[PDB]
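In structure tokens, the next block holds one chain alone, the form deposited in one PDB entry.
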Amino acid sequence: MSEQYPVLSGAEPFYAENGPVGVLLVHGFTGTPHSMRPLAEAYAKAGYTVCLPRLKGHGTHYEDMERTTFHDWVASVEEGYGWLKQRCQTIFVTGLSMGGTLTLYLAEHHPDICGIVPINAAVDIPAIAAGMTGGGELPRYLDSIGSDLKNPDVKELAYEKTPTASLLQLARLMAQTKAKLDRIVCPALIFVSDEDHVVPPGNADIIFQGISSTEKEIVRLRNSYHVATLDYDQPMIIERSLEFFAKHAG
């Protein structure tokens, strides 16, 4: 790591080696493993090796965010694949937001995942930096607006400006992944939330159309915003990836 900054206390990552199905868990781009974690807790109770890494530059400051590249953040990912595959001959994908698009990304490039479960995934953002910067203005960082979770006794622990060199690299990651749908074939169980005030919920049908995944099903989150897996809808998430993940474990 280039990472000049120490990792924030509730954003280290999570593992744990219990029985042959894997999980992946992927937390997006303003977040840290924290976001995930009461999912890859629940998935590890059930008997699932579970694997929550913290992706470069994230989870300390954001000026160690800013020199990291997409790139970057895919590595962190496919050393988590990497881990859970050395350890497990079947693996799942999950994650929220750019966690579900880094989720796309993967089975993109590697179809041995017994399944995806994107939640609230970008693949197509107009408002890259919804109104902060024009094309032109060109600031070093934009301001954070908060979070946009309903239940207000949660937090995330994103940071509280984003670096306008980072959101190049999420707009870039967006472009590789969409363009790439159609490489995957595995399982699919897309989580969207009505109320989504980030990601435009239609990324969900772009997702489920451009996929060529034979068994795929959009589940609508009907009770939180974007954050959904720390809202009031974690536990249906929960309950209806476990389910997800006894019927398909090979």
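Throughout, rigid core stands for the largest set of C-alpha atoms superposing within 1.5 Å between the two forms. Numbering follows the first chain given and starts at 1. Compared with the form deposited in another entry:
- Checking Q176, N151, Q89, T133 for C-alpha shifts of 2 Å or more between the two forms, after the rigid core is superposed, gives a single hit: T133.
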Contents of the next structure:
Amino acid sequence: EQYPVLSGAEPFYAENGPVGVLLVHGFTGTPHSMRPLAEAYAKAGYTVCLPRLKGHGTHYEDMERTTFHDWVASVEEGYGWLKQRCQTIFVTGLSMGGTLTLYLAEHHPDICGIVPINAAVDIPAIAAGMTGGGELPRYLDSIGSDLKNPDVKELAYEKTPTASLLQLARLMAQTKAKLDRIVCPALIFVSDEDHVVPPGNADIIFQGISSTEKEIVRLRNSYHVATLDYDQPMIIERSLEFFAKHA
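Having seen the form deposited in one PDB entry, could you now give me the structure of the form deposited in another entry?
No partners, no molecules, just the chain.
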């Protein structure tokens, strides 16, 4: 990985109480989208790990070299960091961060609870792009930022490698097929007007998981990047309530 990490894309750690929260940012995104959550959780006395996914926060040419196994490894590392100083671990994530949240819970039953936010397990737009017939460039122009608050700017790549999109699709496929192995408590956030990840994904995750304790909280004044959007304080308040309930 050959480019410098952008300002605001650095990983974030905090060693506080014996209860830990792993925060996973999204595809082409940076820890910048999860930072206000991580700080709010850290102030509440929680040990937080906000890792920077491999190939992210630098340059899109760096991400092109990475597989989803790399992104998983970045999260498994954060999970291992939390596992060495916590006995109870929650995982939360936005978009693909939500996908990796689900992925982790499918492999680690010790997860006390998960809080996916606009998690993606099925994006029909990807399949639609490679059946168009036309030539498919090596790098595609990224989808515009999906935020209701106009004063907020997201830290994400201007371009998206085709190879990375294929890696994302494979991750979502393996994640969606293994949903029934999640039994831990789940707090699913979903924006009604998500223009990137179809809101129906929350339904798929809800019906897929074997968790007896699951709930869908619907965000009404936020687009895709809800964690920076208007419903940020609500997400924080609900999550802390969720954490304290199962800690």
